[PDB]
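Asks: Spelled out from the first residue to the last, the chains are:
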Amino acid sequence: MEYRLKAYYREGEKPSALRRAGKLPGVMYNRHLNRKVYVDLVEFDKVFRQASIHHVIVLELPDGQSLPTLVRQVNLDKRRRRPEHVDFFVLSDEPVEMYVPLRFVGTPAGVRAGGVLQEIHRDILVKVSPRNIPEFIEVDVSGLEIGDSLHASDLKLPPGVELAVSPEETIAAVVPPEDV
Amino acid sequence: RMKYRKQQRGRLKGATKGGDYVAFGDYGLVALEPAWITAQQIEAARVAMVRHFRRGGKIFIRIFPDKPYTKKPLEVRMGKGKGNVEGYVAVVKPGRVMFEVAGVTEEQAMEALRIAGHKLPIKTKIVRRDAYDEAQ
Amino acid sequence: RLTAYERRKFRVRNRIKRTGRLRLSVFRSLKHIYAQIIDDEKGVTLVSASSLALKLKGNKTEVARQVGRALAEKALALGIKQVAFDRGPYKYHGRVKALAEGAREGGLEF
RNA sequence: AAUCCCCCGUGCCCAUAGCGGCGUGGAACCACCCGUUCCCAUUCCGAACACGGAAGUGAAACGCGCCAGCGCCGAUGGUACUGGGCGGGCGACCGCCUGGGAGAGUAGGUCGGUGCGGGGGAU
RNA sequence: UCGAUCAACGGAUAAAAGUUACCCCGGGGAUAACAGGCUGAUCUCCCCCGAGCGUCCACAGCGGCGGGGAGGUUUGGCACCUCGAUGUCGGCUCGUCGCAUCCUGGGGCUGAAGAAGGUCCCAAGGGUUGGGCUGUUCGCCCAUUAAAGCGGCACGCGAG
RNA sequence: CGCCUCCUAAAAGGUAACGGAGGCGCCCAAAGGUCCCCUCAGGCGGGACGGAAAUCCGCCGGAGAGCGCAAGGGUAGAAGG
RNA sequence: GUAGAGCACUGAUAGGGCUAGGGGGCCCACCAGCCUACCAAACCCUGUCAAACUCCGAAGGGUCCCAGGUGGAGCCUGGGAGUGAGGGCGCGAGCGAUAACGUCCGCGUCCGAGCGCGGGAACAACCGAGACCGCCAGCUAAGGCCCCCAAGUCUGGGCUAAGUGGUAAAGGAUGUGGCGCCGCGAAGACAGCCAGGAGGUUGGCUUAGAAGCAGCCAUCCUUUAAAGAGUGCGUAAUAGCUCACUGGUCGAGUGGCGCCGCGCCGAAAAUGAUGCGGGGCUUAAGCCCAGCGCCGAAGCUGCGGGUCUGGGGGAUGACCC
Numbered sequence: 001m002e003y004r005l006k007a008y009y010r011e012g013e014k015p016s017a018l019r020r021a022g023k024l025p026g027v028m029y030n031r032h033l034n035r036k037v038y039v040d041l042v043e044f045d046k047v048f049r050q051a052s053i054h055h056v057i058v059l060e061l062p063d064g065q066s067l068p069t070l071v072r073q074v075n076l077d078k079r080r081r082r083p084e085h086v087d088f089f090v091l092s093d094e095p096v097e098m099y100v101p102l103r104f105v106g107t108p109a110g111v112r113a114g115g116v117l118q119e120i121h122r123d124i125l126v127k128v129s130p131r132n133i134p135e136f137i138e139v140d141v142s143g144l145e146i147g148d149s150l151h152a153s154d155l156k157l158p159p160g161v162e163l164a165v166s167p168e169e170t171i172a173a174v175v176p177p178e179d180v
Numbered sequence: 006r007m008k009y010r011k012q013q014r015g016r017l018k019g020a021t022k023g024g025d026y027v028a029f030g031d032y033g034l035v036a037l038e039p040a041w042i043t044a045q046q047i048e049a050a051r052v053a054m055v056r057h058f059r060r061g062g063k064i065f066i067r068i069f070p071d072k073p074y075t076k077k078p079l080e081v082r083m084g085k086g087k088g089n090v091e092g093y094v095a096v097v098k099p100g101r102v103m104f105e106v107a108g109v110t111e112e113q114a115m116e117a118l119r120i121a122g123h124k125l126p127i128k129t130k131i132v133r134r135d136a137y138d139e140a141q
Numbered sequence: 003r004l005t006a007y008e009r010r011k012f013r014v015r016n017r018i019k020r021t022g023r024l025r026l027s028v029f030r031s032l033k034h035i036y037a038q039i040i041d042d043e044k045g046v047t048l049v050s051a052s053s054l055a056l057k058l059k060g061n062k063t064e065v066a067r068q069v070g071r072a073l074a075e076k077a078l079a080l081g082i083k084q085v086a087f088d089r090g091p092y093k094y095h096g097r098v099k100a101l102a103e104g105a106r107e108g109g110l111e112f
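Residue numbers (the deposited numbering), protein chains in the order written: chain AW, 1 to 180; chain AN, 6 to 141; chain AP, 3 to 112.
For the record, the hints were derived by calculation from the structure and aren't laboratory data. Misleading hints may appear alongside valid ones.
Subject to a maximum C-alpha distance of 25 Å in a straight line, what follows is the list of computed DSS-like cross-link-like pairs (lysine-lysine) [stated by the list, open to error]: (1) AP:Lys33 - AP:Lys83; (2) AP:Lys59 - AP:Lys19; (3) AW:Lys46 - AN:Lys130; (4) AW:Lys78 - AN:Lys22; (5) AP:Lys44 - AP:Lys99; (6) AN:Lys77 - AW:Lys36; (7) AN:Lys85 - AW:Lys14; (8) AP:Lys11 - AP:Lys93; (9) AP:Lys59 - AP:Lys83; (10) AP:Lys11 - AP:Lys59; (11) AN:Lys63 - AN:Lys18; (12) AN:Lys85 - AN:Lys98; (13) AN:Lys130 - AN:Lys85; (14) AN:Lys128 - AN:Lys11; (15) AN:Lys22 - AN:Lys85; (16) AW:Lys78 - AN:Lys77; (17) AP:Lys11 - AP:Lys83; (18) AW:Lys78 - AN:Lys85.
Chain AN is nowhere near these chain AW residues, computed Cβ spacing over 12 Å in every case [claimed, not checked]: (19) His32; (20) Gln73; (21) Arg80; (22) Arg82; (23) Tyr99; (24) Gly110; (25) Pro159; (26) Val175; (27) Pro176.
Here a beta-carbon is modelled for each residue, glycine too, at the ideal position from N, C-alpha and C.
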């Protein structure tokens, strides 16, 4: 869950001041209708942090107009961390650009195996899924060694289907400690 | 080190900021106040880590042996073509995304870094994955 | 692509640089054929050559020479008095040699 | 004569005038098409260019319209940069005030808009 | 309109090499050499991390790898004092300060029984021998000794 | 120790350094004129003497092959064949 | 078109997926097999750099015309010339060790050549400021006001207390104070307390001994103070010890990691000592933010004078603006 406090003024001087209080610039955006609303960090963050929040949208409260949104971009801060501008898109009904949180279990044959461990490359999926993506899209296997690897092909796609990604290209693979 | 089959003799000198950040495994060592760092020192860390980590499951990388540093002469008087190639290394300056894995699962990795860099050569910090990142 | 199209754009750009003010654009082939006059892309375009008023599709590169001489005088007065040249999708021996002589009288006026 | 419309040419705009996918037209265009003594032509063939004409067809070049997959376009915000004035630090260097303020990065955008001659398409 | 590395290329001549510790005249520390200065190369001393040796024990004794300062010595960098003048070595004689203290003590530590070593922090108090050979200070060697230190001051000393 | 090219000239231009790099002190009698034609390497697929690479067929391509000679500019809407 | 930037131009290069080249060899004459052992043109994805790479692209600077445009410069013609080597500071590239009161070039200021005053202790070039000459006149810069010495030992709100003031890094720490955060089961907390520290817990090897307190893992059960697959002093196993638990005891707040601003350790010298000196640490201090106030320049105003230059009345002067 999310919400915020808008910017009548915008661009530079303002976002800076924001920062000053403890507010970072925020872009509220919906298919070609745009408004600069501004970020109260602390909380902002707890929220973001959920991360489940960054992968699977949430609802925000502005003025009193409860609406659906996610981050489609973000300027997180050079010299350290935290940000420089947080970016969200509220959706109508056709969400195609989806980097849905992805989980898969490489049930043993990996590290309990030849020492080799499994490297997670994809871990998430930017496929398609209009106003319909889980907090957890997932897949599984039982091999993590030899010179073994698997990807977008093997994949195994659930309910709100649609691969906006590619004909396989490394969800994960296993490498040796000092070989196997 | 490795800056093999270069192409030229030498660089020059400056420094100020760049583009290192991400994550890449969740066992991260990020610089902060540096500049160039000996490809060697570098390997140092490499070692440090590698060894600590029960000595097997691979770490990853980060910067490179990048440039050719020259003290030219040996100690002469100065006016050589400034020639002489000699020490090769990294050029990372604004807290950089230095990325090292293994499967330590813990403040164990911590230590690994701890020393690796404590060593290495600067004011620096370390962590994990904190604000993902979306590409095309 | 760039190949034959260029056959074209080449006679093009060269023709173009050429500058004695006007150029007629002949056009090879049978009913296809027909030639229209132009100058600087001021925007304008003097007169139009030969509306398919067929005279002898026969062995007539002369169907040609005719439509030509025609256009020749057509413009000749069509647009009071002037001098220049033209395009051509080829050398002057057949269809095109023809539009040529046509023009040829166009200017010759005898 | 001088209305828009179908076009055959032939013009400014450099890739939303592209690739490619489905379609679709010859009545009239126009293309391939027929054949070659005759213009004139292939260091081989009229392959192309060319001459020489009914046809046959619209496969092929071909023009619009639908399709954005690749490609092309590529804002709002936003940071880096910095023109100028001042600070903070021995320090490499950091930071503050005042105008300018790309890039990439989700938007979302397009499958051209039109100069003129004209066969002509609709008394 | 021709001859021409006049190619140290704007090119004095056509036609030119040397050497001076035998030397001699002009000015500049706008150039070296002494030392000084600033830098620190650096070397010396110290300080981090620990791979790792110390049967066992990471760190009693030790440190891989890499890292970080102190100081003004050694081998160097520069050019401003100095070229109307600053005597460079070795030694002598009288030395004066300094501590990362050698002998001294006070110490915690030991892989400390004792004894004896060795391992750091504190503290300059006095003290810190003769010869040999070498112009050499350094050095190696003889004999001891509680011990027979490192070094600052143009590597103190020619108005001694 | 003369000249051309690239960097540093820091965005006009334009500047040292015992600063980086690297070429020329030829010729080409026809690479000198103009008219007419043509149009890359390389990728792929199929082929006599092949047989990583000729020669030919079949597609593909901001043109990165090319232009005596080095670089840089240009540039096949060819200066290129 | 450098900074930025980006990667498709070229060149780098790091973990990745596909791929062949050697493959290791010989069935070694039709000579075709697994392996992937293969270098990968590659491969796309994940990755960051380039002064002499760049698909993008500025921050200014360049300049043509119109307009500001007088200080006062602006222009052309002309005779009298001096330097033709200089250093410093700031920013931007060289170089040098990214060392030097080094040396190379550039934008600016500078200092000489005025740069004579303030000044920061005193210091050619670091902040202030242009001195034609007066004043026993007043307003100000910078930067100052306990005193030495002009100026509040002002007020207000803090934070250090080491003397930091009164040079130093790496790095170390139940420093000091501050967050913005964690444990409160008054089902009354933690260090302090009391007692029990429970029976199968009794090899698995080794059993000389594990029968938690010898090495190669065990991760279950009953059972209540709630339960130690026993964190620990240990030998011959074993036998004994503190809580890791109440359980009761107490209860009422406890042990933390990140981010903060102010200090200590680390940092040993050579004639003697030192923030300038006296000095001073809740004004006297110092660091940070708040506001007031007076000091102090030849700098600025007010009595006046000298002087040249445009113009103004030029009578010789002259006077005045």
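Asks: Next step is simple, just say for each hint if it's right about the structure.
Replies: Hints, one by one, checked against the model:
1. AP:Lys33 - AP:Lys83: 29 Å, violated
2. AP:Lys59 - AP:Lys19: 35 Å, violated
3. AW:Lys46 - AN:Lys130: 22 Å, holds
4. AW:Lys78 - AN:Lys22: Distance ~9 Å between AW:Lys78 and AN:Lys22 Cα, so the pair holds.
5. AP:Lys44 - AP:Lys99: Measuring from Cα to Cα gives roughly 28 Å; hence the hint is violated.
6. AN:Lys77 - AW:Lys36: 56 Å, violated
7. AN:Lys85 - AW:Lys14: 54 Å, violated
8. AP:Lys11 - AP:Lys93: 16 Å, holds
9. AP:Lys59 - AP:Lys83: 32 Å, violated
10. AP:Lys11 - AP:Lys59: 30 Å, violated
11. AN:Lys63 - AN:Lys18: 33 Å, violated
12. AN:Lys85 - AN:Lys98: 29 Å, violated
13. AN:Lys130 - AN:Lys85: 40 Å, violated
14. AN:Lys128 - AN:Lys11: Violated, at about 30 Å.
15. AN:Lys22 - AN:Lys85: 31 Å, violated
16. AW:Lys78 - AN:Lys77: 36 Å, violated
17. AP:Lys11 - AP:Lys83: 29 Å, violated
18. AW:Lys78 - AN:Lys85: Roughly 41 Å between the alpha carbons, so the hint for AW:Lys78 and AN:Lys85 is violated.
19. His32: Check passes; 20 Å lies beyond 12 Å.
20. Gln73: 7 Å, violated
21. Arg80: Violated, because the least Cβ-Cβ distance between AW:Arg80 and chain AN comes to about 7 Å, which does not exceed 12 Å.
22. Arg82: The claim is violated: AW:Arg82 sits with its nearest Cβ about 9 Å from chain AN, within 12 Å.
23. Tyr99: 6 Å, violated
24. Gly110: Non-interface label fails for AW:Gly110: nearest chain AN Cβ at 10 Å, not farther than 12 Å.
25. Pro159: Holds: least Cβ distance 23 Å, greater than 12 Å.
26. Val175: Label violated. Min Cβ-Cβ 6 Å, cutoff 12 Å.
27. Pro176: Violated, since 8 Å does not exceed 12 Å.
Against the hints set out earlier in the document, violations occur for numbers 1, 2, 5, 6, 7, 9, 10, 11, 12, 13, 14, 15, 16, 17, 18, 20, 21, 22, 23, 24, 26 and 27.
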